[PDB]
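Heads up, the thing below is written out as structure tokens.
What you see is the complex with one protein chain gone and the rest in place.
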Amino acid sequence: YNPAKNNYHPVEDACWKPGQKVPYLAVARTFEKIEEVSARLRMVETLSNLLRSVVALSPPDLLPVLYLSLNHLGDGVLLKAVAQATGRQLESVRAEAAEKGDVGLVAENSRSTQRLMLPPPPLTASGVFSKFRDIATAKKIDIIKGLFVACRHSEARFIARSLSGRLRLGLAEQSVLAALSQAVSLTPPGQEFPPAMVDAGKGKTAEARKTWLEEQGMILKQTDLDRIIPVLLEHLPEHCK
Amino acid sequence: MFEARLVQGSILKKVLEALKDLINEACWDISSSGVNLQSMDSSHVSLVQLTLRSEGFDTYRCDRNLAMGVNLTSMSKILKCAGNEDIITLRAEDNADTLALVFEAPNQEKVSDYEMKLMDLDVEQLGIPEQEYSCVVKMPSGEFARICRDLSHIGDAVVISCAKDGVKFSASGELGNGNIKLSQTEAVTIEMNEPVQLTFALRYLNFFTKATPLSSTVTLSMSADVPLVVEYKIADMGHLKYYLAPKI
Amino acid sequence: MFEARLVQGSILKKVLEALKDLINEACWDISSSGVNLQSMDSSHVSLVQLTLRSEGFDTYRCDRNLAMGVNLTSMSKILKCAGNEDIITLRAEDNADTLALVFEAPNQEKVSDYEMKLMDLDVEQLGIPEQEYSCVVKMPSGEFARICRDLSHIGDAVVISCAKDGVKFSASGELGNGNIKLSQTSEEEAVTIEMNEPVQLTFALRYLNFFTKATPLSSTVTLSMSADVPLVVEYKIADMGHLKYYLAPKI
Partner (left out) sequence: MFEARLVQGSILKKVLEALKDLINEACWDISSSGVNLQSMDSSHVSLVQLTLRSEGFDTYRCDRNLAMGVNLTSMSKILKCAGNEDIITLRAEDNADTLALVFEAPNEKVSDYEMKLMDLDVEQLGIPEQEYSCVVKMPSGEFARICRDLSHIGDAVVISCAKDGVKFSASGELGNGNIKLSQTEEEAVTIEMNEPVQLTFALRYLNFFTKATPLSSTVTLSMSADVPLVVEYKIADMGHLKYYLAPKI
């Protein structure tokens, strides 16, 4: 699953079926693809492709995926839970945690090394986000062991960064608020399946599209997002005040 | 109404002491042939497979097929009351969620009883992969226990291999590296089809090897790209298997 | 002037090893009859009384009814250094506030001796009124220690029951429920009971687990109680005297 392709399509390039819960693997794969491109506009276009696909299949799922993206709701507990869930020994893996990067690269490399048993159920974004609110000692290490064992390919790094509270994806809350503004602009809510709209800016000039997106972004920033999102999908400057 | 009676309280104690640290909650299957346990570990890396067949039991009764579970820690805590030669009685009800243990001394002057609580679960299961193995060794229990307890101070993984000369464990670590070789002969015996290399995590081998006092011998059998088995045969009543998934 | 000697020198190690965990200060009262020691717990829940007959000592002489008080944990630590087979001599002056202890090896090749700080203790005395009981129990000390440890894994209080056939130790708790029944055995492995009415009481299991620290003092414990009065556990040390721990019934 990739959103980096030029002229990517929120309909035919989705990673899940309609009426299926949103998977975290596409979210993690996006976060690492963003980390590989330094362009803020190319990052914003990638997030707009994600959000546009999310509103096209699962309109209720937008609050969690945004809350994760903004990280809005200790390292020794993390390393203990990684050691307990990944085998080896807490003291031996603690040497591996030195000289290398963050705990996430030890975690993902360990989950790469053990060929493991059967594949567990893929973690859904709503399940992940619900688990994080409950996570905020024995209770903590038990639930964090359940996150780490479920990691399917590369999600472990972004799970660890989320627990460390230092996601540092290269964007901020206003950047994703603008990403949502062009997401809702290119694909409005309240569509009847199949959605006849996929790119509302088609036939606008480059300057017209830049001005239109900036004016839509200006309405978002002026308008708690937990009541902003349900009003945006249900309908804005009069509906909220 | 389910009932089981056993003179060897030592073996029931030894089995729970082999499991109490690896599995917290476990599902028992109880049938005319015997009791079964077939559980995963919390990290989902090791499969524990147990079988206690009824012909070795001193008395057995299973009118109704029952599939109860219990938490192993609180059962281990209750079981430390029994003396080494005590007669152990297990009984349960097919309608209620409780298990009664009654402990009888060898001489009849003292009797102990214990109501452990019970619950129902449907823990995910996966079937036994019956297959041939290219590799198999029979070697005494204490040697494998020594080997794991020794290599666990050097490294983190054991790289197992087999040759026309014998077997070789090897491990590497921050303080150094080492290997141990056994030559082909209370003895060691090998049936060998083609050499192979693997890798395993010592944490689970240390957890398994607490079963040592159940049998004087063990069988390691394995093949390329599949789980390895560690087998302990109980004296004329059943067997215990462990599985571990290979690293890569 | 006061002095005493004992050939079986391990029993003093034992009686202080049982008491170090229960109390921290006590009055060693001394008189022509022998040693007397009564006290109350650090939490006023248990009464201890200890006596030693002077005629059980191998050598004794008392000319004044002294009273003295000592830190108990300090005397348990001073006595811990002595060898289990050695000979103990205890000496004290009527005026000088200091204890003298000697530890004679059996072959006299090593002489150990130590002296310790007395302090003036204001601990009260509460002489127990004397009465009969509804029941008396004699049974092996190593078995009572076993059952009291075994119940301690279930839950925080025991209810102890008596019947004409025997005795019932019963406990509930989080893990479950259990009870243990004992009945008469047809000299040191034979239990015995005598009774005039059946009884049913409750006790704080922690305090019994503290009390059973003295299991190596005697092969036989004596368990006894009556309606609403304190539980008495008594130990007969080898011909010397007796040790008893009291606990009023929990409510």
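Every chain is named by a letter (A, B and C) in the order it is written, and numbering of its residues begins at 1.
We take it that contacts are C-beta pairs under 8 Å (C-beta built on N, C-alpha and C of every residue); 3 or more make two chains touch, one makes a residue touch a chain.
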{"item": "Per the touch definition above, residue among B:16, B:100 or B:154 touching the missing chain", "value": "B:154"}
{"item": "Of C:66, C:116 or C:136, the one touching the omitted chain in the full complex", "value": "C:116"}
{"item": "Residue of B:182, B:192, B:196 or B:237 in touch with the missing chain, whole complex considered", "value": "B:182"}
{"item": "Subunit B residues that touch the omitted chain in the full complex", "value": "143, 146, 149-150, 153-154, 175-183, 185, 188"}
{"item": "Residues of subunit C (touch criterion as defined above) contacting the omitted chain", "value": "71, 74, 77-78, 80-81, 83, 109-117"}
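We take it that only the chains that are shown with their structure count from here on.
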{"item": "Intercentroid distance (Cα basis), subunit C paired with subunit B, Å", "value": "46"}
{"item": "Rounded Å distance, subunit A centre to subunit C centre (Cα mean)", "value": "69"}
